[PDB]
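Number of protein chains: 2
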Amino acid sequence: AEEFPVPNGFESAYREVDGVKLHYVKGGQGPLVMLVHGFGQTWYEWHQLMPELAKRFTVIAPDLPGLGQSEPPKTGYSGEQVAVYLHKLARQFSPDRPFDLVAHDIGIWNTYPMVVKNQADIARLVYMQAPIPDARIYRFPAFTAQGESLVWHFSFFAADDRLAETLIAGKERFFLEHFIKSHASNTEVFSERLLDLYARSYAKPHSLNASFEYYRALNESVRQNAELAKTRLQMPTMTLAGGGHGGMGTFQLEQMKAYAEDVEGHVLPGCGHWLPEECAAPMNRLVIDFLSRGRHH
Amino acid sequence: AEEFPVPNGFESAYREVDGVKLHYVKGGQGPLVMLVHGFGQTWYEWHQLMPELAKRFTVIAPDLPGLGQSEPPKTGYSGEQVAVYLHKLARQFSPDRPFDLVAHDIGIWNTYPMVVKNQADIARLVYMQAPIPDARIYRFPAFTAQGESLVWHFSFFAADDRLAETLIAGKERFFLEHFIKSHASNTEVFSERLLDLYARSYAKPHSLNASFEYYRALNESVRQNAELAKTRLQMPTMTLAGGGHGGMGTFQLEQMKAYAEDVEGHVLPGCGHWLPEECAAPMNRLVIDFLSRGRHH
Numbered sequence: 076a077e078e079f080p081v082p083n084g085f086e087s088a089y090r091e092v093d094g095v096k097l098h099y100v101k102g103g104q105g106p107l108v109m110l111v112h113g114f115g116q117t118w119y120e121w122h123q124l125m126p127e128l129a130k131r132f133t134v135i136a137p138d139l140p141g142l143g144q145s146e147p148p149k150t151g152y153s154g155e156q157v158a159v160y161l162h163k164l165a166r167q168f169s170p171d172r173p174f175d176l177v178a179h180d181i182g183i184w185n186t187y188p189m190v191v192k193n194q195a196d197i198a199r200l201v202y203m204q205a206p207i208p209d210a211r212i213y214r215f216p217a218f219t220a221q222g223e224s225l226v227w228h229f230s231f232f233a234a235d236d237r238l239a240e241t242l243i244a245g246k247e248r249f250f251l252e253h254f255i256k257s258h259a260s261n262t263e264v265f266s267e268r269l270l271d272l273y274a275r276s277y278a279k280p281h282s283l284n285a286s287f288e289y290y291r292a293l294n295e296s297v298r299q300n301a302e303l304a305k306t307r308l309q310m311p312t313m314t315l316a317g318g319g320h321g322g323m324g325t326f327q328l329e330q331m332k333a334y335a336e337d338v339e340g341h342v343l344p345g346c347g348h349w350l351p352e353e354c355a356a357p358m359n360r361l362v363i364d365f366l367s368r369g370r371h372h
Numbered sequence: 076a077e078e079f080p081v082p083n084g085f086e087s088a089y090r091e092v093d094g095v096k097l098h099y100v101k102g103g104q105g106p107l108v109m110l111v112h113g114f115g116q117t118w119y120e121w122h123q124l125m126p127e128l129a130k131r132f133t134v135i136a137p138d139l140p141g142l143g144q145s146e147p148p149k150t151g152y153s154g155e156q157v158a159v160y161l162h163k164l165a166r167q168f169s170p171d172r173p174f175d176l177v178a179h180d181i182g183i184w185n186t187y188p189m190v191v192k193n194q195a196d197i198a199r200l201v202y203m204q205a206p207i208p209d210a211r212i213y214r215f216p217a218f219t220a221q222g223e224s225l226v227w228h229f230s231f232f233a234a235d236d237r238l239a240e241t242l243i244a245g246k247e248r249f250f251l252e253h254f255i256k257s258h259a260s261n262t263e264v265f266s267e268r269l270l271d272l273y274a275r276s277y278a279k280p281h282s283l284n285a286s287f288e289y290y291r292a293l294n295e296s297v298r299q300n301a302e303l304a305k306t307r308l309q310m311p312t313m314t315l316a317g318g319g320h321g322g323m324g325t326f327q328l329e330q331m332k333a334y335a336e337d338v339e340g341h342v343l344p345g346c347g348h349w350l351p352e353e354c355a356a357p358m359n360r361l362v363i364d365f366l367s368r369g370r371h372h
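As given, the protein sequences belong to chains A and B, one line each in that order.
Start counting at 1 in the first sequence, then tack on 75, and there's your number in the numbering used here.
Start counting at 1 in the second sequence, then tack on 75, and there's your number in the numbering used here.
It cannot be assumed that every hint is accurate.
Unchecked claim - Listed next, with one range per pair, are the computed distances between beta-carbon atoms:
1. B:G369 to A:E302: 57 to 63 Å
2. A:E240 to B:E295: 31 to 37 Å
3. B:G151 to A:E295: 40 to 46 Å
4. B:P280 to A:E267: 25 to 31 Å
5. B:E295 to A:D236: 27 to 33 Å
6. A:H341 to B:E329: 39 to 45 Å
7. A:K96 to B:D271: 42 to 48 Å
To be verified - Calculated cross-link-like contacts (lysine-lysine; reagent style PhoX-like; alpha-carbon spacing at most 25 Å):
8. A:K246 to B:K246
9. B:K279 to A:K246
10. B:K246 to A:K279
Claimed, not checked - For the chain B half of the interface with chain A, some residues (derived, Cβ under 8 Å), not all of them:
11. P126
12. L238
13. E240
14. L242
15. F250
16. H253
Note that these hints are calculated values from the structure, not bench results.
Even for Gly, the Cβ is constructed at its ideal location relative to N, Cα and C.
Let's have the full structure, built from the sequences with the hints guiding it.
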C-alpha cells in the first residue's frame with residue numbers, strides 16, 4: 076500500500092542509505108532533480124510539479140527520515156546528520172553529474188549542510204519558505220497584534236516531555252488542519268481529503284515524534300551552520316516565498332543573499348507558506364524555467 | 076466542597092458582583108489587601124503569605140472570573156472588563172478607605188485598568204512576573220538560542236479554533252506540570268500532590284476555556300492600555316521578578332518605570348515564575364515590608 080497516490084509514469088521505491096531505509100518516488104529521464112518536502116507533508120507535496128519536471132529531468136522526491144514511509148535516522152535529526160542521508164541518496168542516482176535541489180520548509184534545514192560541503196555535486200538550487208537555521212530565527216516574535224505568530228511552533232515542537240506528541244496524539248487531523256490553514260493565504264486549495272491523507276501519515280507514532288525531533292535539533296543546526304556558513308554558496312540559486320499570510324515575504328531572498336553569491340528571488344502575491352499547493356502553477360513555472368537554463372532532456 | 080484547603084482562621088466565601096459569583100478567601104483585621112493570582116493557579120498560591128499579612132491587614136484572595144471557584148465574567152475577559160469585577164469586590168470590603176493590591180502574572184492584566192482609573196482607591200501596589208499588556212509584548216522572541224522562550228504560549232493560548240482547549244482537554248494534569256516546571260527555577264516545590272490540586276481546578280471545562288480566553292483578549296487589553304497609560308500611576312509601587320529560569324529578570328522593573336512615578340524593583344536570584352512557592356521566604360518578606368510602610372494593624 077501507498078500513503079499517497081503515485082503519478083502515472085513514476086515508481087515508489089526504497090533504498091538503504093547508511094543503514095536507513097528511505098522511501099522515494101522517482102520518474103523521468105535526464106539530469107537529476109531532488110525535491111525535498113517539509114513539516115506536515117511528504118513527497119506528495121511535489122506531485123503536481125513532478126510530471127511537468129519529468130519531461131526534462133529525472134525527478135526524485137524522498138520522504139524525510141522518519142516521515143512518510145522513510146525509516147527514522149540512526150544518527151540524529153540535526154541538519155548535518157540528515158543531510159548525509161539525502162546527499163548519499165541523490166548520489167546513488169547521479170554519481171557522475173551534479174544534480175539540482177529543490178527544498179521547502181525544513182527540507183532547507185536538512186539539505187543546506189550537504190549543499191555547502193559538496194558544492195561540486197549541486198548544479199542549481201531552489202529554496203522556498205523557511206529560514207536557513209541561523210541567528211535570524213531568534214528575532215521572530217512570539218506574538219503579534221493580529222494574533223498567533225508565524226513560528227511560535229518552533230518552541231512548541233522543541234519542548235521536552237514529548238509535549239507536542241502528547242497533546243497532538245488523538246487530535247492529529249485537527250491540529251494539522253489548524254497548522255496548515257494558519258500558515259496559508261489560500262485555504263481553499265486544501266480539500267478535506269488532502270488533509271486526511273497528510274494527517275494519517277504524520278499520525279504514525281514514529282512519524283509524529285520524528286516531525287518534532289527536527290525542531291528539538293534546531294538550535295544544534297544553528298550552531299552547525301555558524302561554522303558551515305564561512306563558505307559561501309557559488310551555484311545558481313533561486314528563492315521563492317509567499318507574499319500573503321503565512322509567507323516569508325522578502326525575508327527569504329534577503330537571508331539568502333548572505334549565503335549565495337548568485338541568487339534571484341521571487342515573492343508570490345496571494346500565496347502563503349504552502350507554495351506547491353496554494354500557487355502550484357506559478358511556482359511550477361518558475362522552478363521549471365530556472366532549472367531549464369542549465370540543460371536537460 | 077473546597078478545591079484547596081483554607082488556612083486556619085480564614086473563611087471561604089462568595090460575593091455576587093455585577094451578576095457574577097466570585098469566590099474568595101478572607102481573614103485578618105485592619106486595612107484591606109487584595110491578592111490576585113495568575114494563570115495555572117488560584118487564590119491558593121497566596122496561602123503561605125496570607126497568614127503573615129493577616130496579622131496586620133484584612134486579606135482577601137479572589138479566584139479570577141472563570142478560574143478556581145469563580146463564575147466566568149458576563150462582559151468579557153479583557154483587562155478593563157475583568158478589572159471592574161475585582162475593583163467592585165475590593166470596594167465592598169473597603170468602601171471608605173484605599174486598599175493595597177498584590178498581583179501575579181495575568182493578575183496584573185486584570186487589575187492595571189482599575190488601578191489607573193481609580194488611583195485614589197489604591198494605597199500601595201505590588202506587581203510580579205508578567206508584562207503589563209502593551210506593545211512590548213510583541214518584542215518577545217518565539218524561539219531562543221538558550222533556555223526557552225518565555226511567552227510563546229501567548230500565541231498557543233490565543234489561537235482560534237479553540238486550539239489549546241482542544242489539544243489539552245483530557246491531558247490537563249500533564250500539561251500543567253510541564254507548563255509550571257518549564258517556567259520554574261526551583262522545580263522541587265511542585266510536588267505531585269500540589270500539581271494534582273491545581274490541575275483538578277483548571278481542568279473543569281469552563282475553567283480550561285476561561286484560562287485561554289484571557290489570552291484571546293490580550294490584544295484588546297493592549298489596545299485598552301494604550302489609552303489608559305497616558306496617565307502615570309502615582310502611588311508607591313514595587314515590582315518583583317525571578318532571576319532564574321522562567322523569570323522576567325530586569326524587564327519587570329524597566330517596563331514599570333514607564334507606568335509609575337514611585338517604583339522600586341527586585342530580581343530574586345534562583346527563582347523563576349512562581350515566586351510565592353519557589354522563593355516563599357524572600358518574596359513574603361519583601362511584600363510584608365513594603366506594605367507595612369503604610370499604616371496597618
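Per-residue hint verdict: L238 (chain B), partner chain A, C-beta under 8 Å: 6 Å, holds
Given a hint of 25 to 31 Å, does the C-beta separation of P280 (chain B) and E267 (chain A) actually sit inside it? 27 Å, holds
Could you see if the CB distance from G151 (chain B) to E295 (chain A) stays within 40 to 46 Å? 43 Å, holds
Can the hint on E240 (chain B) be confirmed by a CB-to-CB distance to chain A that is less than 8 Å? Hint violated; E240 (chain B) Cβ to chain A Cβ min 11 Å, cut 8 Å.
Do the Cβ positions of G369 (chain B) and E302 (chain A) conform to the proposed distance bound of 57 to 63 Å? 58 Å, holds
Beta-carbon spacing of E240 (chain A) to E295 (chain B) - inside the hinted bounds 31 to 37 Å or not: 33 Å, holds
Residue hint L242 (chain B), partner chain A, criterion CB-CB below 8 Å: With a minimum Cβ separation of about 4 Å from chain A (threshold 8 Å), the hint on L242 (chain B) holds.
Is the straight-line distance between the alpha-carbon of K246 (chain A) and that of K246 (chain B) 25 Å or less? Holds - the C-alpha atoms of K246 (chain B) and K246 (chain A) are around 12 Å apart, at most 25 Å.
Classify the hint on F250 (chain B) as holds or violated, based on whether any CB of chain A lies nearer than 8 Å to its CB. 7 Å, holds
Grab the minimum C-beta distance from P126 (chain B) to chain A and call the hint holds if it beats 8 Å, violated otherwise. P126 (chain B) check fails; min Cβ-Cβ to chain A is 34 Å, beyond 8 Å.
So the hint says 39 to 45 Å: do the beta-carbon atoms of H341 (chain A) and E329 (chain B) match that? 42 Å, holds
Taking the closest Cβ pair, is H253 (chain B) under 8 Å from chain A? 5 Å, holds
When held up to the earlier numbered hints, the structure conflicts with 11 and 13 and fits the remainder.
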